[PDB]
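Chemist: Single-letter residue listing:
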Amino acid sequence: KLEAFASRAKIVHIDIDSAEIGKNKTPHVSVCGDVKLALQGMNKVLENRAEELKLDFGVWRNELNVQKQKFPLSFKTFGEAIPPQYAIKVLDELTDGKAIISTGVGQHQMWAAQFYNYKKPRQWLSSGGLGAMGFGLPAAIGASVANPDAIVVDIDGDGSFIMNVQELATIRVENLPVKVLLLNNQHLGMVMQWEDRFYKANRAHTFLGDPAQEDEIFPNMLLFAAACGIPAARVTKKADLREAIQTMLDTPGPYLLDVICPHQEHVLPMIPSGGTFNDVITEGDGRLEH
Amino acid sequence: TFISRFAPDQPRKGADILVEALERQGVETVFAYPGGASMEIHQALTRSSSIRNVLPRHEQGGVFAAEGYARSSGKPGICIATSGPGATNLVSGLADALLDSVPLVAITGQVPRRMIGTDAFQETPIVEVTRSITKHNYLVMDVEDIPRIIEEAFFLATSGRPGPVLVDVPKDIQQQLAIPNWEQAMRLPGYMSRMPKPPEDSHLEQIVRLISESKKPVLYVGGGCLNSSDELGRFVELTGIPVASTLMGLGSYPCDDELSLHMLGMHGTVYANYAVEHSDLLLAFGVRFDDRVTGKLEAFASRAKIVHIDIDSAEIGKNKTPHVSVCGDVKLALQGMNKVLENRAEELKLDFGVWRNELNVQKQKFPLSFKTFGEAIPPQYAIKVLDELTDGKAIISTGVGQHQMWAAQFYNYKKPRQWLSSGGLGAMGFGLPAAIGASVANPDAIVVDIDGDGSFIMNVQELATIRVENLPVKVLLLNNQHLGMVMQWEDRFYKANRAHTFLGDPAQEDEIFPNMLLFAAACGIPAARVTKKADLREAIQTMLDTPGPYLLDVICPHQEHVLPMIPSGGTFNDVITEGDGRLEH
Amino acid sequence: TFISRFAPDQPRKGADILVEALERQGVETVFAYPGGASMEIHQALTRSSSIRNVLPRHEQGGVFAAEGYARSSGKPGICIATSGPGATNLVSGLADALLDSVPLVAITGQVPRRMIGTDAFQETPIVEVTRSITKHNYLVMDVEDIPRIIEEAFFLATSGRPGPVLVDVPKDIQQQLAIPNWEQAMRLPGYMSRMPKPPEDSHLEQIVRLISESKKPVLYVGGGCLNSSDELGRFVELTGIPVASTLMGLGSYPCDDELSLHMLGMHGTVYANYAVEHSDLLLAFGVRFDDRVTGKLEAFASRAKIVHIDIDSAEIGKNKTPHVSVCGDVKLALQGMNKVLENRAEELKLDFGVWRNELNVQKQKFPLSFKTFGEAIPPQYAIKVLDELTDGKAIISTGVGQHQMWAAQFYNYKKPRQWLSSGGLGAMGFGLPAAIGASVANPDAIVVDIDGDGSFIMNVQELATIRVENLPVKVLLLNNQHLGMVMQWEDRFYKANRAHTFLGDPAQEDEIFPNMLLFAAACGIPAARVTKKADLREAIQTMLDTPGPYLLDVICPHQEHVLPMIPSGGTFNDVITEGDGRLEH
Ligand SMILES: Cc1cc2nc3c(=O)[nH]c(=O)nc-3n(C[C@H](O)[C@H](O)[C@H](O)COP(=O)(O)OP(=O)(O)OC[C@H]3O[C@@H](n4cnc5c(N)ncnc54)[C@H](O)[C@@H]3O)c2cc1C
Ligand SMILES: Cc1cc2nc3c(=O)[nH]c(=O)nc-3n(C[C@H](O)[C@H](O)[C@H](O)COP(=O)(O)OP(=O)(O)OC[C@H]3O[C@@H](n4cnc5c(N)ncnc54)[C@H](O)[C@@H]3O)c2cc1C
Ligand SMILES: C/C(NCc1cnc(C)nc1N)=C(/S)CCOP(=O)([O-])OP(=O)([O-])O
Ligand SMILES: C/C(NCc1cnc(C)nc1N)=C(/S)CCOP(=O)([O-])OP(=O)([O-])O
Ligand SMILES: C/C(NCc1cnc(C)nc1N)=C(/S)CCOP(=O)([O-])OP(=O)([O-])O
Ligand SMILES: COc1cc(OC)nc(Sc2cccc(Cl)c2C(=O)O)n1
Ligand SMILES: COc1cc(OC)nc(Sc2cccc(Cl)c2C(=O)O)n1
Ligand SMILES: [Mg+2]
Ligand SMILES: [Mg+2]
Ligand SMILES: [Mg+2]
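Chains as they are written, first to last, in this note's numbering: chain A, 1 to 290; chain B, 1 to 585; chain C, 1 to 585.
Quick caveat, the hints were computed from the structure, so don't treat them as lab data. Please note: incorrect hints may appear among the correct ones.
Stated by the list, open to error - Listed next, the in silico DSSO-like pairs over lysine-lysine satisfying Cα-Cα at most 27 Å (straight line):
| # | chain 1 | residue 1 | chain 2 | residue 2 |
| --- | --- | --- | --- | --- |
| 1 | A | 36 | B | 318 |
| 2 | A | 10 | B | 75 |
| 3 | B | 532 | A | 23 |
| 4 | A | 10 | B | 331 |
| 5 | A | 1 | A | 200 |
| 6 | A | 25 | B | 320 |
| 7 | A | 44 | B | 331 |
Take the sequences, apply the hints, and build the full model.
Modeler: See the structure below:
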């Protein structure tokens with residue numbers, strides 16, 4: 001809700017598009033230009049008048065630092081099952097946060113954004129405005145061609161991945177070292193989450209598996225990879241996860257890792273559509289209590 | 001509680017529903033010219049005992065009259081035309097109303113729904129044609145949509161940034177019997193969500209702060225201030241900031257007031273343009289930073305902190321980037337600032353005497369000036385006499401050209417909506433019909449059309465309208481026998497090479513042509529010509545004292561130039577202060 | 001070999017390139033009204049020693065004059081206007097030219113390229129506005145494109161189905177120095193591939209065959225035949241098929257010829273409409289099956305085999321499905337058929353005497369008729385006298401309304417392009433400016449504007465143009481003090497309830513208002529009024545014999561109705577043959 005967004009803040013907006021300034025919210029101060037140049041100019045001033053300015057926001061930082069310790073990002077671990085959040089956190093550690101990450105759209109996309117520490121821009125390739133599924137795998141292809149010596153990982157959902165699964169052929173033929181970290185929850189996860197929160201968990205065409213063989217992972221994504229001569233593996237138990245991801249990384253060329261996750265996971269926290277900060281949801285998932 | 005001429009359960013023609021929809025909007029005057037595709041509407045109009053139709057002699061006169069009606073009252077102006085040639089005759093008025101932000105509702109008849117797109121008799125796709133020159137338009141495709149659309153049309157035309165809305169109505173819709181529902185809710189969910197909110201105290205405090213820190217502030221006031229006359233005056237009293245006005249903003253702050261810099265821009269005063277040039281704080285209220293005001297943008301207010309308050313979010317930062325911006329009604333902004341300025345008055349210690357004296361020096365060294373040649377009439381002087389004899393209380397409409405600028409420069413407008421002139425589009429022939437609408441909207445007022453001989457003749461047919469409707473319209477025709485402003489540019493930039501700017505008869509070169517008095521006589525309107533400056537004062541008085549319509553043909557030497565002048569895309573250093581179309585000895 | 005006023009290697013302004021581009025198109029006359037955005041163009045025009053500018057007093061007059069110029073000559077008409085209010089003042093003319101298929105090239109100045117879209121001074125997106133009411137339009141974005149675009153504009157305007165083309169030219173383009181390339185090839189690969197091919201012998205033989213088998217054939221001739229006067233006449237001689245003409249097709253086959261059914265349609269003759277109704281073969285040449293002709297389509301030529309020859313593939317089968325169709329120039333089709341008809345003449349044995357006698361009976365039982373009341377002037381009779389005194393050789397332009405129909409009914413046009421009238425759009429105020437263009441295109445001809453008092457006053461300002469340009473334009477003003485045609489519909493369908501159709505002054509109700517003679521006197525044009533039928537013959541002769549411009553105010557009783565009349569969407573059985581706006585005793 002715009003009226004509640006930064007309701008007591010003096011707003012400075014620097015944008016290269018004059019059409020974007022004052023579009024949704026009215027700024028007190030505006031600069032139409034390259035933010036790169038604005039930063040340079042301000043840095044110059046900030047350094048000369050440094051001792052004159054006496055900048056210190058320690059009190060504000062401590063206030064925020066309290067919130068960061070009371071309400072940090074969190075995920076729950078259920079038995080030997082793999083938390084999707086944890087898998088992404090392990091990829092971070094084993095790639096030393098230096099990997100180029102492309103994603104599809106959905107829960108896996110948010111977790112990729114939350115639990116990977118990006119050290120530079122253009123490490124993070126994700127469809128934000130349009131939010132188009134099936135973006136992940138082909139984007140990884142382009143990223144790998146533009147960065148041949150880099151670690152490129154497509155963190156994909158099972159729905160998003162299958163939409164442009166045909167591009168696995170492209171990857172093998174072009175011999176691109178594209179890694180696919182497929183977080184498989186057998187569902188259209190994000191739509192499933194909204195069903196849980198706002199429609200009493202009533203499933204409306206969000207399950208992507210085969211209802212006849214309900215406990216089988218469907219489709220078998222490993223065989224998609226095998227069809228295109230791409231080495232692949234599945235991991236289900238959290239204990240085997242660290243070695244599995246390492247194998248994906250250490251194996252030269254393309255690789256698919258089918259990471260099986262419990263589907264009841266929810267992306268948290270969440271401010272509902274058109275809501276305010278007071279409306280924030282901090283706990284809960286798609287599981288029923290005892 | 002509104003009273004209908006129909007039972008609430010009684011079926012009636014769509015045409016009757018339409019006219020009642022107008023009645024429920026408080027409409028009392030329309031400017032409608034009949035045609036086959038709108039006959040039903042005109043029939044319905046005669047059944048109304050509350051809506052008067054002023055029949056023009058040309059639909060362009062019809063829409064320009066609606067404009068004058070609107071501009072002079074703050075009410076929406078309503079014009080109606082038939083399909084095809086009727087509709088296309090409205091186009092200049094629509095484009096004019098859009099550029100000058102004039103609230104206007106245009107209704108056009110259309111061929112039957114089934115015949116649309118078949119190149120039928122008198123069919124133009126007017127909705128397609130006018131989409132880019134209206135705030136919004138409609139093609140009514142069902143009789144049940146009429147009440148809702150008319151409500152939306154008037155709402156859109158009068159709210160936010162005012163503008164023209166066109167409603168196209170097929171003939172079969174006008175004929176169809178139906179029972180109207182007046183409680184229908186409008187379908188403008190997008191438009192209403194983006195309607196500007198009342199200004200936060202936060203934004204207004206920041207502006208007041210900037211004022212206290214400035215040493216050379218200037219008010220830059222325009223057509224967005226037409227409803228903020230009292231608030232602006234209160235603001236000036238509190239701050240003591242000098243006021244520069246746009247062509248569209250004249251009257252918002254009284255011209256003959258001590259703190260008035262008069263008009264800025266291309267033909268703005270030297271001191272007004274000087275003030276903006278050397279200001280360190282520019283208060284842009286209800287303006288749109290037009291090229292005709294700014295010249296070269298990079299040089300316009302180059303050393304000033306710019307504050308821009310506009311009701312259209314699209315206008316902020318469009319041509320120039322403001323340091324501080326407020327998207328909202330300038331009327332409300334002024335109220336909020338006035339409240340703060342009065343409480344913290346002794347705390348603020350506002351005094352810009354040094355700046356005012358600096359500008360006051362420019363005002364005395366480079367004031368507006370005109371030259372008098374023998375017994376010939378200076379057009380500037382004629383307008384100055386009209387001011388004196390009307391005590392600056394007259395409603396002035398003009399055409400476009402030199403006479404328009406002189407009307408803006410040498411008449412002291414005490415209130416907004418005294419000044420009715422085409423600014424953005426700058427359409428000739430606007431003057432006479434606008435005066436008609438102004439006179440209908442203000443029956444007890446002095447209405448004077450200050451027109452040029454080129455502009456006047458374009459819609460000269462509306463003299464018939466004036467006599468028939470018995471309107472006390474005064475025409476002060478400044479006759480230079482030329483397309484004056486184009487002539488001036490020829491003199492300055494094309495070595496005085498005449499390219500079709502002379503409007504007289506080359507055979508009888510020293511005769512005033514045409515004889516405008518005979519145009520007036522044709523329509524039974526009393527008229528006179530004055531040539532010698534000595535006879536001018538009595539002539540204008542006679543025009544004013546003679547009851548009803550009157551034409552005064554004022555003969556002026558054509559060599560006169562509008563001064564001063566900043567050339568196209570120029571800066572303040574490029575200003576032209578002397579010279580005319582005469583050759584030296 | 002064309003001669004330029006510039007060296008082939010010498011840079012020149014874009015404005016000069018533009019004007020030379022016109023010169024190379026054989027243009028000798030333009031109708032240009034100056035403004036700031038087109039000044040460069042007007043400067044360039046004065047440098048031309050081959051192009052004459054006729055300065056109108058209104059751009060609507062400018063474009064209508066270009067139309068008259070075009071319609072009366074078969075050449076393209078060229079009008080020029082400035083940006084904004086200049087451009088928007090052309091709109092009615094453009095829409096008119098499109099609906100009546102008139103070859104016309106309109107040039108408008110535009111704001112500098114960089115300022116387009118910024119709501120600049122006198123900026124309208126005229127290209128956007130006029131896209132749906134022009135055959136094609138252009139926005140010149142480079143000075144190098146000027147020669148090619150002008151060539152394309154004239155090509156598109158004059159080829160295939162003729163129409164209006166608008167070329168928008170930014171000011172900075174006009175100012176830019178460049179060296180033109182006149183050998184540039186046009187970029188219309190789509191348009192030229194779909195240009196109609198010459199008619200195959202196959203198609204023409206089929207039509208000739210149908211003619212030999214028909215027993216009640218009727219020619220249905222329209223504005224597509226304006227260049228096929230000789231071919232059509234040769235065709236009629238060979239076949240002996242009676243000819244019904246549209247409003248737009250008048251003159252193609254001479255009206256006073258033995259085989260002429262005169263006009264068909266809403267106000268067509270009883271016998272012409274009868275012929276189509278009972279025909280078994282309809283030869284639709286250069287027509288577009290307008291609702292004003294057909295009425296209820298299902299009832300139009302319900303028992304006739306329909307042959308349709310049109311140069312626009314889009315028009316074939318649009319409103320009615322033809323049994324046989326030919327997409328091409330009707331001029332070529334007629335030539336091919338005439339060749340066949342003459343060789344196989346004795347083989348074919350064509351004789352439609354029985355059909356002709358049947359129609360000849362209708363022509364004698366239900367001819368065109370008017371009533372004479374005392375000494376009052378029948379408008380029909382006045383037009384009939386003009387015919388006699390001009391020997392049917394005059395070029396006639398009209399406004400729109402009753403006078404327009406009477407001009408069509410009671411004047412015998414011997415050739416096409418004698419009849420200049422707005423048919424599709426039906427725009428009032430067309431008459432006077434069209435006469436201007438016609439007179440410039442035909443200096444040695446008798447040009448008469450048969451106008452109504454409503455239509456005449458709309459562009460009355462063009463009387464100034466007529467005097468200044470010294471054009472021998474005759475105005476036969478049929479003055480009924482009303483918007484006559486709307487008045488007629490009020491009488492027939494709204495119980496004679498007047499809704500703003502009276503054009504006089506209600507205060508002085510029995511005085512002719514306005515005094516049109518004084519309009520003429522204002523512009524130094526000799527004029528007279530005639531009221532009694534006895535004085536009419538001498539009055540019209542005086543108008544004709546008096547050298548130069550002349551206005552004849554013909555006062556007519558307003559109760560006259562145009563007859564016969566088939567009501568909107570009606571059939572032949574619905575035809576109205578008697579009655580007027582008078583009440584019985
Ligand atoms: C021959 C000629 C010469 C000209 N030369 C000059 C000249 O020398 N000087 C000059 O000034 N003009 C001149 N013009 C006129 C010029 O083209 C423009 O019309 C004028 O400069 C612009 O007026 P404006 O800036 O006040 O804004 P406007 O065109 O009047 O528009 C009003 C602005 O205020 C906003 N607004 C409207 N309502 C509100 C509200 N309630 N609250 C807040 N904001 C609101 C609108 O969004 C809009 O941005 C000339 C015109 C002609 C024909
Ligand atoms: C008040 C009023 C009353 C009217 N009442 C009547 C009436 O009673 N009767 C009547 O007829 N009209 C009447 N009209 C006029 C009517 O609206 C149309 O203008 C007219 O009927 C259509 O003309 P048209 O059919 O000949 O085709 P046009 O409009 O003249 O178009 C020409 C057609 O021929 C085609 N064509 C063009 N060139 C060629 C070529 N070289 N070769 C082959 N084909 C070509 C074109 O593609 C087009 O289809 C009236 C108008 C007004 C203002
Ligand atoms: C259907 C949908 N959104 C609608 C949709 C439909 N189609 C496209 C191309 N894009 C989108 N965003 C989503 S986020 C669910 C995607 O599920 P996933 O790809 O398996 O990822 P996850 O399960 O982690 O949410
Ligand atoms: C032709 C022209 N401008 C181009 C033009 C063309 N057509 C229209 C409808 N509007 C405009 N503005 C002007 S300002 C000259 C008008 O002359 P005038 O009406 O006699 O006034 P003045 O002589 O004082 O300049
Ligand atoms: C108002 C009208 N039609 C609507 C109309 C409105 N405006 C335009 C520009 N064109 C048309 N056709 C007509 S035919 C009446 C014209 O009256 P007139 O010019 O005096 O001719 P007449 O009285 O013989 O019918
Ligand atoms: C006022 O005199 C006239 C004449 C006329 O045809 C010549 N039609 C009309 S009305 C009209 C207008 C446009 C389209 C259509 Cl379809 C119509 C119609 O209803 O027929 N009025
Ligand atoms: C003939 O008198 C006038 C006056 C005037 O400004 C008042 N501008 C022009 S020309 C013009 C026209 C439109 C756009 C633009 Cl940008 C211009 C321009 O070149 O400045 N001519
Ligand atoms: Mg999923
Ligand atoms: Mg003038
Ligand atoms: Mg009339």
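Chemist: All hints, please: hold or fail.
Modeler: Hint check results:
1. A/36 - B/318: holds, 22 Å
2. A/10 - B/75: violated, 38 Å
3. B/532 - A/23: violated, 58 Å
4. A/10 - B/331: This hinted pair holds, its Cα atoms lying about 23 Å apart.
5. A/1 - A/200: This hinted pair holds, its Cα atoms lying about 24 Å apart.
6. A/25 - B/320: It holds: about 19 Å lies between the C-alpha atoms, which stays within 27 Å.
7. A/44 - B/331: At roughly 40 Å apart (the allowed maximum being 27 Å), residue 331 of chain B and residue 44 of chain A break the hint.
Hint compliance for this structure: hints 2, 3, 7 are broken, all remaining hints hold.
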